[PDB]
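Protein chains: 2
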Amino acid sequence: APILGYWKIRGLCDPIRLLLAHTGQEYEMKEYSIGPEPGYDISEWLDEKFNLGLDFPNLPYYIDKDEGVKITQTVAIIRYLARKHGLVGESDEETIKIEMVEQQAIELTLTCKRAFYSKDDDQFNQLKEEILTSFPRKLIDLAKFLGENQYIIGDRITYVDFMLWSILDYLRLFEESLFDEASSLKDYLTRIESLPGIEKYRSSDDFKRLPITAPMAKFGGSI
Amino acid sequence: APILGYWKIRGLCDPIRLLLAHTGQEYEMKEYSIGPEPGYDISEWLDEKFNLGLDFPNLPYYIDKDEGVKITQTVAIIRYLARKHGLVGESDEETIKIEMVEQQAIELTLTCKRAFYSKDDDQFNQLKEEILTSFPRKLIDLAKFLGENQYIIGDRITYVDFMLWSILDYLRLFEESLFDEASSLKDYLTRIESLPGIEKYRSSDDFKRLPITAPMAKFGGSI
Ligand SMILES: N[C@@H](CCC(=O)N[C@@H](CS)C(=O)NCC(=O)O)C(=O)O
Ligand SMILES: N[C@@H](CCC(=O)N[C@@H](CS)C(=O)NCC(=O)O)C(=O)O
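Note that the protein sequences, when read in sequence, are chains A and D.
According to the deposited numbering, the first sequence is numbered sequentially starting from 2.
According to the deposited numbering, the second sequence is numbered sequentially starting from 2.
Check each hint, because a few of them may be wrong.
One copy or any two copies: either way a pair holds, since identical chains are not told apart in the list.
20 Å max Cα-Cα, derived DMTMM-like pairs, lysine to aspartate or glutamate [to be verified]:
#1 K71 to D93
#2 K71 to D142
#3 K201 to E49
#4 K120 to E131
#5 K71 to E32
#6 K201 to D142
#7 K66 to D181
Don't read these hints as lab results, they were simulated from the structure.
Go ahead and model the full structure; you've got the sequences and the hints to work with.
In structure tokens form, the structure reads like this:
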């Protein structure tokens, strides 16, 4: 059985788990606990970190002995899984669209990552301002690109829908007014959540006990 | 002829231009000037920005009427060009390696972007400290991954070599001592610089007049 390793948070790994939930692929979830403040012990991870034969030892990792793969870096993992499960473009035209949206999703995600784990309120309010200021335009551009489509490239769901859904879900939880009346993207969120594999995952206890972030975060550190 | 549009800086578009220089592809370079301090007018860009039919209007863009493509997002552009010019993985094994390194290059790039365009000396010296503390390890990990190889997947160069070269070149110019744990990465820089198409591009006056960053930057704003 393949193994996915990560913290006990939604975090970076969320789009991967949604992809795996949608496809129904069996895998073992290996979870690493973070101890309480102020020491935030991560000893479980450090005990395996160097012992797993990883090139770039980090979480998440994806290992599948049978297929002979060992992968770190969320986007490399999710693209690997997309190719395996047929959740990629079936023409260059689709691939271009997927990859443009993919970079937009990554930018949103990495800006939020920096905001959520800000050191002091100073740093946090600075990035919050950036988010509230720049993101509305980016969500409008995404809505305009999605149009009347069900998913990014149209009728068929692809891996980027999971990346986009994840970061929009985080933003909705961070500041609802970014999307409260943002109608098309709300329908998009609803549509992807209603897919049976994702619905089953989101209604499971394992998901409901996951905070968005690790406990030291300024946002999302608890359920 | 395809068109590549960008500011008059190396910036995010450097790896694309290197890839195009290696492959010899003919293209028109459309450049947008930045007005002087303190307003940094970008009116040249705004005059075309909405008129180009781009989904996510931004710089860089790549347009090729004949092929019917219109692309923004640096990484989507470079992957498009990689597939066209055969600079991608030939197996899932190679692609996994390429994509792990790709994400590393992007992380380095986006961290440098935030440092280089810091608001004040305070913010700049804070982010400089983070780079001088975290980056040596990241360069060691990259060196270890490259091993005795010529390029990331071995004897054949691929698109990510251009992405990695570009960000290592910026780092070398930002803080040379960073490459004290990697003689191997300096060899990698030299090796790619020595390819005929790259040598021709880097010795051209068009490249020599390009600063790394736009003029408002704390680092790399002049030639
Ligand atoms: N939650 C963030 C990033 C998740 C993540 O992996 N963050 C790191 C901290 S920057 C973490 O969980 N660290 C756990 C630890 O090492 O204690 C996101 O959704 O982008
Ligand atoms: N060179 C930077 C990014 C280059 C870039 O495109 N920067 C922006 C500013 S954040 C720019 O040139 N825009 C022109 C402007 O400020 O109007 C990097 O290392 O990635």
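Do the hints match the structure? See the list:
no.	hint	result
1	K71 to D93	between (28 Å within a copy, 12 Å between copies)
2	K71 to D142	between (36 Å within a copy, 15 Å between copies)
3	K201 to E49	neither (30 Å within a copy, 47 Å between copies)
4	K120 to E131	both (16 Å within a copy, 13 Å between copies)
5	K71 to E32	within (17 Å within a copy, 42 Å between copies)
6	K201 to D142	neither (31 Å within a copy, 39 Å between copies)
7	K66 to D181	neither (45 Å within a copy, 36 Å between copies)
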